[PDB]
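Asks: As a plain string of letters, each chain reads:
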Amino acid sequence: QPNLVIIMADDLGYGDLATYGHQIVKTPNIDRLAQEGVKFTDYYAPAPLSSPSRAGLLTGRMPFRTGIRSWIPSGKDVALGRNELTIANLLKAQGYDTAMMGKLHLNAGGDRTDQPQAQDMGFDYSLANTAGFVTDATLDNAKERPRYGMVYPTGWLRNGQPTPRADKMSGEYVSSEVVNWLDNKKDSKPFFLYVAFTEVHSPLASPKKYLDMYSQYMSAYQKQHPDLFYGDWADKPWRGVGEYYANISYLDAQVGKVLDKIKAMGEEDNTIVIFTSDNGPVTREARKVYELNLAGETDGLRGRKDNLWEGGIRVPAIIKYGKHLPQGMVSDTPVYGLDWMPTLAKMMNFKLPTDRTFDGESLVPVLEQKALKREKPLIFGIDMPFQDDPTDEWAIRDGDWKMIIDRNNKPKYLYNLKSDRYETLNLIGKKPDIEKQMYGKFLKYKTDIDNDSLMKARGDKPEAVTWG
Amino acid sequence: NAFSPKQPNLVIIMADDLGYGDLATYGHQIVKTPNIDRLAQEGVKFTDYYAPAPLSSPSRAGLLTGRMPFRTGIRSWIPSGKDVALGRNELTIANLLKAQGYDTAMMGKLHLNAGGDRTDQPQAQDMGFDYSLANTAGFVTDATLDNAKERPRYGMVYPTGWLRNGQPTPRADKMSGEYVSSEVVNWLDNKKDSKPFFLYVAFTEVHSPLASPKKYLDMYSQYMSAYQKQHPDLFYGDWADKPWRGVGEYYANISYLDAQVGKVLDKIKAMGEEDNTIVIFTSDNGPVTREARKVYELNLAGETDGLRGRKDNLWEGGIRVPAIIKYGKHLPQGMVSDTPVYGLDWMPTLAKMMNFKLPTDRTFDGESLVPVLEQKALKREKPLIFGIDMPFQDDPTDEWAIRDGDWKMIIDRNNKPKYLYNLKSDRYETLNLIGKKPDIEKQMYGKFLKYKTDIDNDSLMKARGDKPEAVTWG
Ligand code: NA
Ligand code: NA
Ligand code: NA
Numbered sequence: 042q043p044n045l046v047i048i049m050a051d052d053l054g055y056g057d058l059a060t061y062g063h064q065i066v067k068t069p070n071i072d073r074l075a076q077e078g079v080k081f082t083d084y085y086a087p088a089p090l091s092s093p094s095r096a097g098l099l100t101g102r103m104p105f106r107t108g109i110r111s112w113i114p115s116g117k118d119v120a121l122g123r124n125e126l127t128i129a130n131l132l133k134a135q136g137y138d139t140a141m142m143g144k145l146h147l148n149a150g151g152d153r154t155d156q157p158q159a160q161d162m163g164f165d166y167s168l169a170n171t172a173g174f175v176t177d178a179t180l181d182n183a184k185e186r187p188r189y190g191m192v193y194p195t196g197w198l199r200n201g202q203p204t205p206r207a208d209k210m211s212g213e214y215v216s217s218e219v220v221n222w223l224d225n226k227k228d229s230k231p232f233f234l235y236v237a238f239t240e241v242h243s244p245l246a247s248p249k250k251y252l253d254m255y256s257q258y259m260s261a262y263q264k265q266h267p268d269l270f271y272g273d274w275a276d277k278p279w280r281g282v283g284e285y286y287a288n289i290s291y292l293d294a295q296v297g298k299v300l301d302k303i304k305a306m307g308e309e310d311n312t313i314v315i316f317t318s319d320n321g322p323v324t325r326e327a328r329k330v331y332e333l334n335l336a337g338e339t340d341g342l343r344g345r346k347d348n349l350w351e352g353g354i355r356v357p358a359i360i361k362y363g364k365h366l367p368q369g370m371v372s373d374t375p376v377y378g379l380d381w382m383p384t385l386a387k388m389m390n391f392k393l394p395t396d397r398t399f400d401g402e403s404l405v406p407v408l409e410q411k412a413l414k415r416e417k418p419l420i421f422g423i424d425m426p427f428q429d430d431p432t433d434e435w436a437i438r439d440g441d442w443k444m445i446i447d448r449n450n451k452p453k454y455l456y457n458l459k460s461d462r463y464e465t466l467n468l469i470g471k472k473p474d475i476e477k478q479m480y481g482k483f484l485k486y487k488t489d490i491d492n493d494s495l496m497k498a499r500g501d502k503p504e505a506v507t508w509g
Numbered sequence: 030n031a032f033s034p041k042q043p044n045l046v047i048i049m050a051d052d053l054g055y056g057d058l059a060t061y062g063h064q065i066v067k068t069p070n071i072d073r074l075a076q077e078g079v080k081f082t083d084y085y086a087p088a089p090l091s092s093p094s095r096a097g098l099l100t101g102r103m104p105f106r107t108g109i110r111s112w113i114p115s116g117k118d119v120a121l122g123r124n125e126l127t128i129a130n131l132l133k134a135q136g137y138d139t140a141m142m143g144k145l146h147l148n149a150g151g152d153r154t155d156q157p158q159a160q161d162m163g164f165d166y167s168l169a170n171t172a173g174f175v176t177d178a179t180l181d182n183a184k185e186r187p188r189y190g191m192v193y194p195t196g197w198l199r200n201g202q203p204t205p206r207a208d209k210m211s212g213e214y215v216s217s218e219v220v221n222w223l224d225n226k227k228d229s230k231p232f233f234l235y236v237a238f239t240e241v242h243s244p245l246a247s248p249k250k251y252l253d254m255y256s257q258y259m260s261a262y263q264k265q266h267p268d269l270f271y272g273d274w275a276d277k278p279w280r281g282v283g284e285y286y287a288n289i290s291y292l293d294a295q296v297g298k299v300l301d302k303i304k305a306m307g308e309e310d311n312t313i314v315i316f317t318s319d320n321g322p323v324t325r326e327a328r329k330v331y332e333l334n335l336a337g338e339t340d341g342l343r344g345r346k347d348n349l350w351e352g353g354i355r356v357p358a359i360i361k362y363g364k365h366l367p368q369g370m371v372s373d374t375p376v377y378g379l380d381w382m383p384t385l386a387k388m389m390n391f392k393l394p395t396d397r398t399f400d401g402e403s404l405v406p407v408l409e410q411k412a413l414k415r416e417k418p419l420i421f422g423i424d425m426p427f428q429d430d431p432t433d434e435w436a437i438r439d440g441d442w443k444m445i446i447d448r449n450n451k452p453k454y455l456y457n458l459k460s461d462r463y464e465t466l467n468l469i470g471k472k473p474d475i476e477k478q479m480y481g482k483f484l485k486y487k488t489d490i491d492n493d494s495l496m497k498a499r500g501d502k503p504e505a506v507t508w509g
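Those sequence lines, one after another, are chains A and B.
Heads up, the first sequence is in the entry's author numbering, so the first residue is 42 and it goes up one at a time.
Per the entry's author numbering: the second sequence = residues 30 to 34, 41 to 509.
Next up, chain A with everything else stripped away, as it sits in the complex:
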């Protein structure tokens, strides 16, 4: 009965790792992970934003089914559906020691008794940030302007209980917790770790070591003001790209610390490791005041975080399982976050519930070097109103064809991705019969999603996002 470790990076772009082609950043640990496992070049997140993507991946269900369509606003009634089951829920029922450390972002806050929390979601141990980003209260509530100091996480909960201000930056705070929990394991029970790193989401916080690696990529202003709090960046000169790269290398190091602990404890050959990201990056294209001075890369792919174009949804993914998988295999088979649930059911020898719809397919055939026969197209969504450039709402991927649907059920884009990698040759009005086939397939999938039985069972309905 194999252990499972799912390592989730935050806003990590498709081109943000050396093994995915980044020409500057040093990511030795994740690069080695890819060499020892299977790396996917055509893997997608279920959504181009944190909350629906994470909900999708943990449930095996298109996020709209689970009640999460985009951001989760403070004080409102948006959370993961009460009757939803996560990988953790199912593995607990198989007799697993379950734990999560880091970003949760599946409810409106840790103090909400009317909403599922980490334990309800199947994690028997948790060090959790319920929010979408790291806060340091000592920087937020500081009186002077400008504010100087590196960001140290406040407001996290260990097993539902308040914690002191961290004495490590977020990545180390997460990884030390993971290593400690593994150090203090009671028995020989199989474990499931969900290591949800907050890197590379704003606010970036990196130790000097990683910062020094990219001093060429810092602006003169950054060098004069390296500790400048991001809350004070709106009216300041550009910082360059080095702080972003530093943060990537810091993440890499903390991933390495988790992987080194698995190997040291004698569990390499018994542990399934999945490394992925929840959505495409924040690039140089900042849309919000909390998005400044970042430098995510998409390997040329169109769009970024928020967007249903490739660079918003295509993300790194690597799977390793001791010596049981082909080492250093690279797969270009189209796969996505919703596939993990059936994959792990098969790999870990548990049955999926049959009282609910799952959207994904087992990837075991891909790992076994066989064809993947996919019955359904890949389906993506985001419900993000009030954007300066209006977002689209749905995307469907079927073979080489990809259709993007606007916030009014109208096809806005149609691409053949094999002849148009960068989504610059819109085929709407040019391919009438492919248009009708793809639109028909969209309506059938949308209808199935909107009429989801499990969502009906909890007295819920698809609710359009009306909030910001």
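These are computed hints drawn from the structure, not numbers from a lab.
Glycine is no exception: its CB is placed at the ideal position from the N, C-alpha and C atoms.
Check the hints yourself; a few may be wrong.
No more than 30 angstroms apart at the CA atoms, straight line, and that leaves these computed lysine-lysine pairs for BS3-like [what the hints assert, rightly or not]:
1. A:184 x B:459
2. B:453 x A:117
3. B:117 x A:471
4. A:184 x B:472
5. A:387 x A:226
6. B:329 x A:451
Only part of the chain B face toward chain A is listed, based on derived beta-carbon distances under 7 angstroms [stated by the list, open to error]:
7. 150
8. 153
9. 329
Here the structure of chain A is known, so what remains is to put chain B with the ligands in place on it, guided by the hints.
Replies: Chain B with the ligands only, in chain A's frame:
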């Protein structure tokens, strides 16, 4: 109960799609621009200079006439076979200097008419240039690659279809930057008179298609993808279905431009004209970034120093571009100015610097920058005005922007305010103040509508029998 019953020479060097962040002297952390960095070191560098528009043709029309480009009949792109061109009665800096007795010449990108064959439209000669080697198009074509039968196609781009004094040329034996710089150098050699000169050197770099010699590609080998290294001369017409090339080819093209600017500047100095030549180096609009919107925009890497938007956009990154002026030792050397200035300012600035008078029969939008160069404060009597008429875009573009002090308002294509920013507190345009600043909103929208009416009812436009024509072509 209620119900009871010796005149100075002029060289204007215009780069194409060169971004605000694209030069080392503007903070680029990778690219080597020794010649342009030196120009800034020897001159006045503006950090808050704007092009008149976020697209080639209206920007260039604006700069050359001192008039907001819509007044001149150019609102965005110039398609072939249509009637979009610089208005017939418009005068450029070249027309004015021709009448002062200048030897006037133009080399490189024109992009102010629908083609060199169009006898119904003003050409380079009509615009006041007595000598020209011109590309009338918005981009370089190499017919040999365009017409090649094999797919994919391999070969570096050599300019075809350029006109020397109205006449066809053979395919260039040098890539565009060198084709231009060589023409400039030869013209400066072959001239006989001691008449003052005006050179408009309109480089095609860094516009797609990129074309750079091996020397410059080698400078950036680290920044080339594995695929690029295996397929270095792959033709850009065949990039749509191929792996990313990395960012090295873009940097190479920047350094190539820099060397060609250097060649021209070296010639000015070598012929003994450094002390008596005004040199303006600028760009026509913001860059094409990693944010590709079109099949001809792939594998590019323009930088905006973090500023919002890019080419096409009215946000800072689409209109703020590099600008350097040098005039021998007549100007403060190594000066850096953060006074907001723009392309429409050049006409009255040069009128003062070069001692000619502006025509009194037409509206001009800019103001003389002589006070800035004399290290005094500049007071504007008009807002800075920008526009672009670009329909059918995937993310709809906005149409106007006005700038007054630290305040910037962007107007959508339905004539409605969409954004209001204080650039002093919000460099990155992320804090929209629409519905948060009632007095400022009223002041700025009022200033806009006044400026819009004045532009729409331009007298010179009326004099040639024209009107503002909304862009309905693609
Ligand atoms: Na995220
Ligand atoms: Na955009
Ligand atoms: Na241009």
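Asks: What hints, given by number in increasing order, does this structure fail?
Replies: 7 and 8
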